[PDB]
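*Asks:* Please put together the full structure from these sequences, using the hints given.
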Amino acid sequence: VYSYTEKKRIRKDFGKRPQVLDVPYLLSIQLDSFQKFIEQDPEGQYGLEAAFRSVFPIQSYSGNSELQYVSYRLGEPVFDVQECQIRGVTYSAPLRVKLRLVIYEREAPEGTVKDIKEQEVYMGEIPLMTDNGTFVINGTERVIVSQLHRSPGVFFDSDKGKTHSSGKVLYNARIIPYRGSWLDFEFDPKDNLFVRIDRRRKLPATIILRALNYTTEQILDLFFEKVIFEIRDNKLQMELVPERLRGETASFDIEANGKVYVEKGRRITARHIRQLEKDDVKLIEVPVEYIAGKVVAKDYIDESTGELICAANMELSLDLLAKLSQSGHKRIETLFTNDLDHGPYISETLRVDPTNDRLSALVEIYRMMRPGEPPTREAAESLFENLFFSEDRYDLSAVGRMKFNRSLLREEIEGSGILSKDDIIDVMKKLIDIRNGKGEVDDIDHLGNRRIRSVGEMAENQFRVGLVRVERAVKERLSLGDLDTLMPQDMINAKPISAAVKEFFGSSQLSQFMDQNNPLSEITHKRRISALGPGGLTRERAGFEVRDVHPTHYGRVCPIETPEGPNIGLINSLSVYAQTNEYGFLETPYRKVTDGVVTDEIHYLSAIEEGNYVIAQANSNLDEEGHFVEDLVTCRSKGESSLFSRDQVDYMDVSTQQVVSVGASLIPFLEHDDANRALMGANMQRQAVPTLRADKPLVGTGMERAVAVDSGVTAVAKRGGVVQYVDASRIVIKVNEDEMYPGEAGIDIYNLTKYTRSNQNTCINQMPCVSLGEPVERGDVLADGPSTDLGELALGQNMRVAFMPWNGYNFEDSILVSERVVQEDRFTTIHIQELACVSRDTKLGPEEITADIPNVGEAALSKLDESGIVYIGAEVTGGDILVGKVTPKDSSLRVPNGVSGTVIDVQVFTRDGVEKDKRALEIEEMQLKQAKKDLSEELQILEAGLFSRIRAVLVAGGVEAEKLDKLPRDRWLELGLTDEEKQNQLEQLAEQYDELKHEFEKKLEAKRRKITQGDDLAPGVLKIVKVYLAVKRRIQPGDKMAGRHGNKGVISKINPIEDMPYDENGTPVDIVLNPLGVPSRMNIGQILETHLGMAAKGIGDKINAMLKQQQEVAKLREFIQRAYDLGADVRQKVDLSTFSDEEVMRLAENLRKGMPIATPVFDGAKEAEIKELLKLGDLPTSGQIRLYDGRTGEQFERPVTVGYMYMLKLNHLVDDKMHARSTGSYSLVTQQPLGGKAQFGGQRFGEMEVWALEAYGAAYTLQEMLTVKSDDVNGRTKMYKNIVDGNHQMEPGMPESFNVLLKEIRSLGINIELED
Amino acid sequence: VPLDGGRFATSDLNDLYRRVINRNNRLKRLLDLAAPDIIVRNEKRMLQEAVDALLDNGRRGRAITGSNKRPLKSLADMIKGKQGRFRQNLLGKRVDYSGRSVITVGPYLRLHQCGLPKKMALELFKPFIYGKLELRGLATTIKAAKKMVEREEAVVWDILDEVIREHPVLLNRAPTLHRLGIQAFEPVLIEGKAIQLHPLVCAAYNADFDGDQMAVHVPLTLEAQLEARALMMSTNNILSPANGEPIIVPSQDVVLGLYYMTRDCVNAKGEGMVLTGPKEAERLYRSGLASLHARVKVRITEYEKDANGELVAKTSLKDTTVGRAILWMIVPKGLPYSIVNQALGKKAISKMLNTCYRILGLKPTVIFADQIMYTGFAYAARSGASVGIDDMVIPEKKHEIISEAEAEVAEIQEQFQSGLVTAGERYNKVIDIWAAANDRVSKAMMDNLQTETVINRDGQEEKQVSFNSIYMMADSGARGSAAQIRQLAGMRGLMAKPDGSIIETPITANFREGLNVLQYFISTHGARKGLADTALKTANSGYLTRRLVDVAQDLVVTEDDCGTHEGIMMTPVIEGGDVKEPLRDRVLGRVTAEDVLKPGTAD
DNA sequence: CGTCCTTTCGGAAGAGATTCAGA
DNA sequence: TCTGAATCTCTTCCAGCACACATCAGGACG
RNA sequence: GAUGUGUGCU
Ligand SMILES: CCC[C@@H](C)[C@H]1CC[C@H]2[C@@H]3[C@H](O)C[C@@H]4C[C@H](O)CC[C@]4(C)[C@H]3C[C@H](O)[C@]12C
Ligand SMILES: [Mg+2]
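Chains as they are written, first to last, in the entry's author numbering: chain I, 2 to 890, 915 to 1341; chain J, 253 to 855.
Simulated from the structure, these hints should not be mistaken for laboratory data. A virtual CB, placed ideally from N, CA and C, is assigned to each residue, including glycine. Any given hint could turn out to be false.
[Said to hold, decoys possible] DSS-like, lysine-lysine: derived pairs with alpha carbons at most 25 Å apart:
| hint | chain 1 | residue 1 | chain 2 | residue 2 |
| --- | --- | --- | --- | --- |
| 1 | I | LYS1303 | J | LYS789 |
| 2 | J | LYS399 | I | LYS1306 |
| 3 | I | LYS439 | I | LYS639 |
| 4 | I | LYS283 | I | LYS295 |
| 5 | J | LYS399 | I | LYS1303 |
| 6 | I | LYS161 | J | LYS781 |
| 7 | J | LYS398 | I | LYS1303 |
| 8 | J | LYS370 | I | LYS1057 |
| 9 | I | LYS1242 | J | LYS371 |
| 10 | I | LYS1328 | J | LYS332 |
| 11 | I | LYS593 | I | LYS639 |
| 12 | I | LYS163 | J | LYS789 |
| 13 | J | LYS398 | I | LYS1306 |
[Claimed, not checked] Here are some of the chain J residues that sit facing chain I, going by a computed Cβ distance under 10 Å:
| hint | residue |
| --- | --- |
| 14 | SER350 |
| 15 | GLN448 |
| 16 | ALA730 |
| 17 | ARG731 |
| 18 | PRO750 |
[What the hints assert, rightly or not] For each label pair, taking beta carbons as the anchor points, the in silico distance ranges come out as:
| hint | chain 1 | residue 1 | chain 2 | residue 2 | range |
| --- | --- | --- | --- | --- | --- |
| 19 | J | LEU255 | I | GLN513 | 20 to 28 Å |
| 20 | J | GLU658 | I | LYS430 | 46 to 54 Å |
| 21 | J | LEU343 | I | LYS422 | 58 to 66 Å |
| 22 | I | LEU309 | J | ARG322 | 52 to 60 Å |
| 23 | J | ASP289 | I | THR216 | 32 to 40 Å |
*Replies:* Next up, the structure:
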């Protein structure tokens, strides 16, 4: 069964395999993150609760005073979204936090409080997120882009290659906290382990080990395993473990019990090791001179005199052994320092270490961190305590601790947010293990190492920054306590929190202006994962490895949707099914696979939980129970695609669309396009502008109905019902009683957003797609937004294309467009631009908006009214006056040069203390009328229902129905009836009627007072007048047109209708494209789209033929069923026998323009099915017809490819790019022409063009470029006079920018001058 | 500068100067008050830091910030860097009498013509229009003429058409990599807002028509106009300055037209007919009595200048096609007929233009290039040489080759499980057998494409070079290669990981019949490697060419002969195999240093 | 209003600055 | 135990062009 | 007017 906006035009689906999981809510990261930040969360896991519980309760310097947090709440916004956009104010909600202030008595750390007080204190007005994941900051719609940064934790890298210039790889352990200082550890070409805090400068790691309260013997115990020599009767034999001899050369005769085992010089083989273990002899004779290469572990002091014979960590020799023997040290402990496995790195580090004890190490750390100050014990101790060991300045977050414990093979993922001695020592141990040869480094770009930090987490950090500033101010204030009078508001300042939140939401690197020129642009801007921003990398200093697409991007990040140029691979787009884990890592769905059955249960596997398993490919033919057809199937185990047996797999991809984003999944026949062309197609699809009339794609993907609904442009029904009234600007739904609330049933009203301005100066405009008296259900579209067709995304128009060269008018990539395309106005767009006029109170009195403009004619003031503003609807042109403002002594707002349009809406704002202008209130008196028109309709419906209830009570107990309507409707309650509880209900209903009148009056007055608010403006201004010009841009030679397969082009000629090629039926071709654009840039998707559009339009032409001459519904039903049943084995399977013989006529009437066809991304139609569908029409199976030349009437001597391609009008218009300048205004400091098109500016003859003029030898052209039509002011007017004098000759001088350079160098202590 | 309002916009130098004067005045007041030595010492240190921040801010440890926590611009920060006085306002600068717009084709133009919008030439040439509205007596002052061109009367459009007559304009494209990126064209006024740009100069500009824009500059003075006409005219630049190669080369539609016209199919509407000249060939083709690919015998007269610059004619009866005889009507007098008596690819007509230049000079070549362009466009439009999905012909043997390669990799896996081969040997053998399979598929596809067309020769049956559309536009050199036609009809082949290691299982499909969800993800590694490469490569090549210009910027050939007996010994470069570059290319067009001795030694 | 005031995904030359290890 | 060679901090630059927004001393005592 | 941010096109 199909939805109500589905048995109206049902798109044929050529997809072949069933979707076990439907596409989720597209803008889910934004809404979920902000809901997490803004919610009332117990236990304070995340949100405002976490910040408050992490900053409060705050206390003074043990001054028996504490400000503690009780709760918080969000007040209702003073406006709604639409009024916030209209006025120019943030859609924010006040933050009312209930704090408590407790002060203790003298000598009472735990005693009774002197005074306990609590109140609700306002601090900051945090912007709210709209229902579409956007923010309204200053009347404009912004999007906070999610960020992809390195997760907190420990990362072991190598930095192989370019160190030491010897081909020796190093290794570095970097500990990145979520907030705090870094703790890099690194090696040396001499293999010495150095620590580096905050990237400052190297110093030995044993310095920080000693700073962590460790002595030399303890460090050697930690990092090395002891080998013990025993003083005995003779030769000082050593206890030996046969395992430690793995891979060494026998320094002497390895023998035990008098039996020789290994000869001198021979390699200690594994056979020797196993036979020695079988013998199980640990005490081995060792020559005395062999120990010369060993390093003592523990310090040995004398027994009698107590003097140190040998300190810890020093070499040994015969003299040292003799000095130890005369003292009688029966135990010698040395370090097992294997040259291959267990290298002596800590020993050499201790050799380089200059510090000796803890105090020396702390002083050295203080000197490194803060150079130029005399260190002290307390200062160094406090600095090292607050470096990585205080919750106030260091924080491994939950993710930091989780990754830290996972990387060290720990078990618990929870723990302390601050570092510990054990954590640092384990990091060092893991680094040493990696250096030895065991273990492996981890790649940084792996998606198990990079988090996603969305709006709900970014906004919390800035709020926390504001909170720590506030608590610092309070701690400053709480020591100066004048108690018994201080409420918890005179110490709180709401300026830091508001400043931080406003700075984050308004002016940040990720709080971007929303891309709003079709639903796809905003729906893909909200699902944008940027690697840049605060705490991330930069375009200039990003290598190629961050650019590339990792094998873990499968299902989590799109590989073919990223902008070209400076940041490619830094601004990745989220995949369709991609989700964010509880920690922030990207996880994607996978169907669980049992022993042989692909189950329907789905698990969301992240990047690290994916290499463990072997995951079946998205298209593997299961047979009705989930058994793969072959015994082998292509899979990917650990970032490696290869074949596997059927029984080995344990997961399968949910859909074939999950590898691509939501923009790349709107390309039909994506799998036939080269990935470069696919990337360009996705981007240019984002840049398409909405046309005058939306037109559905004949060759779609089935993701159009999700994008056009989840983006929020469409007016979608909230509760199902029956349409009661459809206007061009409002829809009224009478909700079914099955879905109405018991109290205050009523209706639903949808006020459509009529012609208004988007961020890109385009027109977003909703028009109804329903008709009067028509049932709708929940969640189905009622009005189509900008560039949607019946709740289905429609970015361009389907036009009849021919792939042929046509006299060189489509030479490189150009497009030859028929004149019928511009006659039909199907690419005509509407562009709305606002112009502002502000009245400020300057000196000599303020400036007013009167129409009394001096030194202008009556034709100048003809367009303005008597109030001084232009009439709504006046077709203005370049130079006309829109607003009249006078300078006391004329700064009237006038139309800029070259911009036409029609004034569609004039908008006036006034601050308090400015009385009004008649225009200013006669505007928004319409808003009052519109509010009354809704409230009165609701009142009428509710009153009619109440009076019907009254009459229905009256039909019982002596019904008097003939006399009810004769008397007016006021007195219908006290007629002849009983005095039972029904009469009590009648009196209660009369009381409710009075209550309804009073509440309608009070709510209408509330609406009027809220609309008539002061809407306080910027300081120094009086009133703002905004005038909205709307222009129609027709297609013309010069502006870009594209397809969905990366085939862009610039229109070179608008050919007449009779000059375009035509087929044997005389039908001309709309667009002529170059065939040579296909083989080179291998985008075969456009050709197959052309063929499938030809088949679809053939089906539509058959239906239109059967509908034009009237035929019975049986024939139409049979043909439409024959069209929908066509395919190999499709999943759609529509049945027209369940249609009501009237909604099949509406279906056929919607299919007469061409039957829409869905071609899912990697599960699309095939050439056999396209040819079969062409045969279902009357079209050639080859897709090529014989076209005739339009201007000579003879054949092109080849069948040419003619079809229907979906063309998009990209937002690069030619009238927005054409610019010219002879003379205009010049800059101030350097007298050069200004820049850009707004300022009447000139093109920049750059540094590289000067070289091109020098190469030619054009010395005079270059001189006139850099002197006369530039800086040189004296020789610039003489040239103008010469040119309008009949002469062409210049008197060049010196460019005024060189004199600026001379004066700026002379403003240093440098005398630069010109000689003679 | 006054910002919008009563406020005044910040200036960093004013802030630094106020900061210096504050400390200077405080120091003077302290020294007048005989303040203690430590306080005035700190004041002097603060004055020193203020002056250091004024002169060169940031050369100290921490640059001071005026507002927004960003360091403010000092005196030394507006002389250096890309935003300094040198590289922003002195080496290059914004220029009056200039504009920019999108470029379209306009294939009707000649080599020396561009098409300027009628609304852009009225703004560039505005003082020139004033100087004729004030000279024809159509205006009396500057205000009258200014308003006349403001309201755009019907009399300023013929004044403009007279100003624009022989006044060249420079057309520059933004990455001016070499000097051919600025060329001067004579303007033609057009209706529209796009600058129509001749197709033959696009190769020099490196400009397609997918949305790039050009800048028009107007030479004002007479010396500037004569430099634009005698040095920068697109007529004068038909040879590259980097090497002796032509730069006016037909490309991708002119060459497809000339390839389709000059080809032979062994059958025709008229194949036995013997024509009496090129004009009869055109008369027969246009009437539909003969095919453009016939095999006729035309009686043609060709001229040769083997005399002392004098052209002698010779008439012969040559076996050619109708198309090759139609094309002979544009080839100028002096070129041999065996320059169009073949199947003209891109190289064939590039060599035809090159030999026309060296035999007949410059003016016949400039006339010839436009004729080639027009007659290529016309006969490419007439062909209707489209592209469909049936043109990419999959070999019937592709499935068998792929199955054989699957069997061989299964055999190699069986050998590896038994332990006969190591991991690296297994990987190398699999890569080699898959490369061999890819080569076999490519060869089968190319054979089945090139010799596909079998046509009855008016007798039994015969093969010929195919008229496959995609094969024609790959063979002609118009638009295509072997690798791309292989990726369309053969198999895509072995794809590499981002690090560089080849994946041991190639893409076994191609763009005609789909790609897997995984085969398409594998392709994106090398697809985005080659896009990030070109994104990061422009910023690295620009720096190199800037340093090269600034090193060598000032050599200029100043003397005429220095009289030296030194030089270099130019010898052909030999790396061990084929000669990388012969002696003729390395020694051409250079003055010898000593007399070379013939192997008639001592002569 | 007037007016005074205070961090951290870089790679080469090259210029201090130290060390070393050698006589 | 003074000296040339090997490591150690700090400087500079990293292609060109349009176009949107934001911020420009403002906090505070008198 | 200067700077920054971001997008886009080459
Ligand atoms: C199993 C439940 C998981 C939940 C308890 C843990 C796991 C990851 C934690 C978040 C991350 O660390 C990132 C942020 C760190 C900052 O401090 C601000 C909070 C922040 C959102 C954390 C809140 C919470 O603590 C999270 C969700
Ligand atoms: Mg281009």
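*Asks:* Now, for every hint given, state plainly whether the structure supports it.
*Replies:* Against the structure, the hints come out as follows:
1. About 45 Å separates the Cα atoms of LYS1303 (chain I) and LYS789 (chain J), which puts this hinted pair outside 25 Å; it is violated.
2. With a C-alpha separation of about 18 Å, the suggested pair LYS399 (chain J) and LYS1306 (chain I) falls inside the 25 Å cut-off, and the hint holds.
3. Distance restraint check for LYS439 (chain I) and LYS639 (chain I): the Cα-Cα separation of roughly 20 Å lies within the 25 Å cut-off, and the hinted pair is therefore satisfied.
4. Restraint check for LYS283 (chain I) and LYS295 (chain I): the C-alpha separation of about 19 Å stays at or below 25 Å, so the hint holds.
5. As the CA atoms of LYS399 (chain J) and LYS1303 (chain I) are separated by approximately 22 Å, the hinted pair is consistent with the 25 Å bound.
6. Proximity of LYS161 (chain I) to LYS781 (chain J) is assessed by CA-CA distance (about 21 Å); at most 25 Å being required, the pair is judged to hold.
7. A threshold of 25 Å between alpha carbons decides the hint, and for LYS398 (chain J) with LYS1303 (chain I) the separation of about 18 Å falls inside it, so the pair holds.
8. Using a Cα cut-off of 25 Å, the hinted pair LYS370 (chain J) and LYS1057 (chain I) holds, with the two alpha carbons roughly 21 Å apart.
9. Annotation: proposed proximity of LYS1242 (chain I) to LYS371 (chain J) holds, straight-line Cα distance about 13 Å (limit 25 Å).
10. Restraint check: the Cα-Cα separation between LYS1328 (chain I) and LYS332 (chain J) comes to about 15 Å, which is no more than 25 Å; the hinted pair holds.
11. Pair hint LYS593 (chain I) plus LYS639 (chain I) holds up; C-alpha atoms about 18 Å apart against a cutoff of 25 Å.
12. Distance check on the hinted pair: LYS163 (chain I) and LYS789 (chain J) sit about 21 Å apart at the alpha-carbon level, within 25 Å; holds.
13. Of the supplied pair hints, the one linking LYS398 (chain J) and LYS1306 (chain I) holds, its CA atoms being roughly 14 Å apart against a limit of 25 Å.
14. Hint status for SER350 (chain J): holds, given a least beta-carbon distance of 4 Å to chain I, under 10 Å.
15. With a least beta-carbon distance of about 8 Å to chain I, the hint placing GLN448 (chain J) at the interface is held under the 10 Å criterion.
16. The interface hint given for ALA730 (chain J) holds, since its Cβ lies 6 Å from the closest Cβ of chain I, which is under the 10 Å cut-off.
17. The interface hint given for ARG731 (chain J) is met, as the beta carbon of that residue sits about 4 Å from the closest beta carbon of chain I, less than 10 Å.
18. Taking 10 Å as the C-beta cut-off, the interface hint given for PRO750 (chain J) holds, the closest approach to chain I being about 4 Å.
19. Look at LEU255 (chain J) against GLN513 (chain I): about 25 Å separates their beta carbons, and that is inside 20 to 28 Å.
20. For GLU658 (chain J) and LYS430 (chain I), the hinted distance range of 46 to 54 Å is satisfied, since their beta carbons lie about 48 Å from each other.
21. Separated by about 59 Å at the C-beta atoms, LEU343 (chain J) and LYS422 (chain I) satisfy the suggested range of 58 to 66 Å.
22. For the hinted restraint 52 to 60 Å between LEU309 (chain I) and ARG322 (chain J), the CB-CB distance of approximately 58 Å keeps it satisfied.
23. About 48 Å separates the C-beta atoms of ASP289 (chain J) and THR216 (chain I), a value inconsistent with the hinted range of 32 to 40 Å.
Checked against the numbered hints listed earlier, the structure breaks hints 1 and 23; every other hint is satisfied.
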